[PDB]
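One chain comes next, on its own, written as structure tokens: the form deposited without the ligand.
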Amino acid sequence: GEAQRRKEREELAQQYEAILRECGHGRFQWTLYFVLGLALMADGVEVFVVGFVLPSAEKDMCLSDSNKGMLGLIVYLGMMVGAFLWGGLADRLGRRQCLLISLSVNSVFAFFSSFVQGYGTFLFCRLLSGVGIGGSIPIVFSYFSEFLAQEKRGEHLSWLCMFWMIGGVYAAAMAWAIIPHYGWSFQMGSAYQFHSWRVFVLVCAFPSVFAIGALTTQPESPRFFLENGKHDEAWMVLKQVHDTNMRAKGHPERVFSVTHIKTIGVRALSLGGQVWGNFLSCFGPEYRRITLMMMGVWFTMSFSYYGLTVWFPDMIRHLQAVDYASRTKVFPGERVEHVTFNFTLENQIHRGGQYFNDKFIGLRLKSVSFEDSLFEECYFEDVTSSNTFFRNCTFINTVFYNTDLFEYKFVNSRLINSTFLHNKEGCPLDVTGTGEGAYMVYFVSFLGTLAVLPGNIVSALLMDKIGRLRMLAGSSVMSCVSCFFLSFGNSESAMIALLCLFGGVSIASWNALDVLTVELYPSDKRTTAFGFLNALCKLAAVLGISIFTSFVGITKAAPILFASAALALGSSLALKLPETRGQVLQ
């Protein structure tokens, strides 16, 4: 019974590999490579949009705390749902069909998010865009694997991981070239406003549309047809692959020699039942040790990588904040009287001042604090305030005309006979401000990805030469050693170098994990299992981000120990996995 099933699946796999050797590589494989690289580029772009627009988003939607912290977790949760959903649906509907549906959903909801003005609606649109793009990596890898021969199956799959990095580079470049133009205030409707970050979101929603356009021209994988008892169109697809390959070779004169490939409301409930059957069969007697080791490896690597990747920029920001706090100026004791006096003062503290009959017209305040001051018959006009506070201050007969000094900028103050007139529009809470730091953020991201590059090249070249397990274990161990090396970092330059090193060493491990998870599952459960594991990866990413953003400024022992321990456990479970190099893809 079950033995017969396994046997027949075995000669099916062998015959399919023979047909693939007959067809060979050439134009078809590379064409599909680029076509799927567009979807991976979209996946890579999607994880940078909210991170890049949080400043402007909180400016134009008046976002408080616990709202900026949810806008990254929203995309990660969206991918967590979408990966599982589309991975489950791909084994019953098809790789190309589900990829088209998911990419279309992503594009539509990304456009809609680009045009949303509210916050809750923005959360919903971002979550659904993440759902749409969540099933990109599983379907792409499981769809490209079914067109590659046994020989160079690792190198030909590892070159497919350049596109995530290219998407990251694209996002960084567009953010640098679009967002810095804060002047843009395109108007459509009194109640609504359109700034430049919306344009950035639009441009970052573009490449998914190109992915759909390229994918509509590609044929469904023959293996999916063969599994589901559909023989004729599988043969047609294989013939198309052969014809394209040989026309590209220049001998477009031979004929495909294969005639045949040996073959062995209510609707919603049926689909649910079938998907649950596939998911449970993933937890079968045949697939249990492999499944659990894969779960462990995916979870640990995701936790460590995402935790450190979010930790490095936060630590850079913290070091800059410490420098700023160290440079401040203090002016203890002042007595200014009867003068019109503006200024553009930044990063200052005034204590013990006594101001009488002073006119403050047209001044910019950035990180300026007045403490223990007294203002008496003063006058504030055209005051622009950023990170400015009044603590232990007393105001007597003062007038605030055309100022943004809201109620939250007076901390434990006392106003007597004070008048507020023509208050500027603004947030009811400190929303902080990001200025010149954006350029350095973009530069840091670009450096991270460029550091990723050499590991990609080396892993792609040596994946077949040394092996999947050797690559995975080697890169995991090197990453753990780097995690130890994070102790020797206390400046921005050192943190950038550490980011570069860790990003450059972990990518080989991720490449090996992708190829491994491709090769250890049969063609009737590849997308389901690999999508489930990628959903677990996204959940671990959420957990790791939450855990690692809490150690910035406390100590550097907790991040190092957590990352090193998780990576060591991941390498330990990775060394127990079966070897799949030199094996027919079955």
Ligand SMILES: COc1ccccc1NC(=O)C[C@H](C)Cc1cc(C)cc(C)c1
Contents of the next structure:
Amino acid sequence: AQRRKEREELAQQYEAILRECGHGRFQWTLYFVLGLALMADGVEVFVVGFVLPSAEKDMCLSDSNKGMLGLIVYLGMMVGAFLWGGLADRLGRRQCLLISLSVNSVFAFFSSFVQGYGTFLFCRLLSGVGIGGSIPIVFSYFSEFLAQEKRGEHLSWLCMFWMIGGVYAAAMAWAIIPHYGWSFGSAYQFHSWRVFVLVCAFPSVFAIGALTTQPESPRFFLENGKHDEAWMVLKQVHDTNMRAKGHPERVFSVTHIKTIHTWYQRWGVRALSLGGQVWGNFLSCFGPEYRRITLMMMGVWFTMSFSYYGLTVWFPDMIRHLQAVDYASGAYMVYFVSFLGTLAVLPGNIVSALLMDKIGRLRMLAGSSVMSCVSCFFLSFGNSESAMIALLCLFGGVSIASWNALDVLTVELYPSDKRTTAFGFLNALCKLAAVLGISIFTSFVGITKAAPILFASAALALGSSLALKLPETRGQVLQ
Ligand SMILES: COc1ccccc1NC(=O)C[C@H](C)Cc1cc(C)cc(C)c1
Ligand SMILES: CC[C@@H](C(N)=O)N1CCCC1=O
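Now that you have shown the form deposited without the ligand, what about the form deposited with the ligand bound?
Once more the chain from above appears, this time first in line as the rest of the complex follows.
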């Protein structure tokens, strides 16, 4: 009873404080700084999806082992997503983002000097574990600096760095190791997978470097009884915004803010308490206050991730199959298609950013899901390479909007003391759905074109049937 009242007072006051701070230089700087972190995740996703299996096929491996790396690394991503989402609530957004990025960068760096297959697999799996927490923590961290008046518009532009990271990974793959053989012989003569591995780590390293300049979120401090730190961070935000706008004379007027109140021996108690608190936060997502919302968000996330990841990983393979069939009558194609998809997303990002705060998140999600279901089905009508590429561009442009709406809903549907936990759980479910979709769809490449498309269409139809039942978060203070 009492705690809900106090947290409602804090939520009401936080939006007023943010309106006093306003939007400007600080938010955009933080936007770029976290865009680097999302770029790291996009790079890892591309590497796992496309580089590793191609390498395995180009590797001295038994037929039974031609697809293990992607599966195991995605499972590691799932585990890391849940782990880092759970901890971010208790340790902080910036702290957990730094730790996860550090793990990712370190184990990426190690993977360059491995010599076997098990060791490279191990290093890359731990790297996947590290990066898995980037998306939940980034989306929870940035949204806490945004006022309700334009939170949806500003959150819709984060996904571009994911696309740019994927394009970067594809371009580096083409430039350094274009459909070369893979061995663990090359002597790291630039044109070796080791250098590509090292190059792909740069976005994460730069994200770590830049991230150490930004301030921890004030909402986390206020939710945990740290008044003075939150006040200083909010004053920093206000001063930066006003000094950049040409009004340095202004004074931050907020007086007081509502707040909510041997080594092997100490570490044991600390770890047990952290685990208990994280598990308690997780179970709260299934209580009577949130059980329905969580159960429907699970379905929406699962279906959307299934369809999207399955189609994206299946499309290059079926293009290669079409080319092979025509010939019977490589690495550049993936990069070109990635660049085209990144261009196609941009109109969708513009439209979603414009309409998110006007038509609401629910209508964006539902309409975009219906359009994605229809456009994905149109893939069955394409016959030539160009037609397939154009239809996929249409699918991506109409689908990216639903992802922005889903991200905004996931941010706004859960309270600030459990936001990262719920987002991490749903992102782990998304990674599991990606595993299942990539495993199922790719098996049909040499058999039939219709089955993957129909499965994706049915999954998107089911997902769009659930999106209509979620509540609308438009025009409400950040929980
Ligand atoms: C932007 O590229 C990435 C960014 C981050 C992770 C992976 C990838 N790329 C892929 O998965 C390959 C795939 C073919 C790209 C693509 C997707 C969509 C919806 C539409 C088009 C036209 C292309
Ligand atoms: C940050 C981008 C990310 C997301 N919305 O969580 N995306 C884009 C489509 C596939 C995916 O996971």
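The term rigid core refers to the most C-alpha atoms you can superpose between the two forms while keeping them within 1.5 Å. Numbering follows the first chain given and starts at 1.
Once the two forms are fitted on their rigid core, between these two forms the CA displacement reaches 2 Å or more only for 499 among 499, 241, 234, 127.
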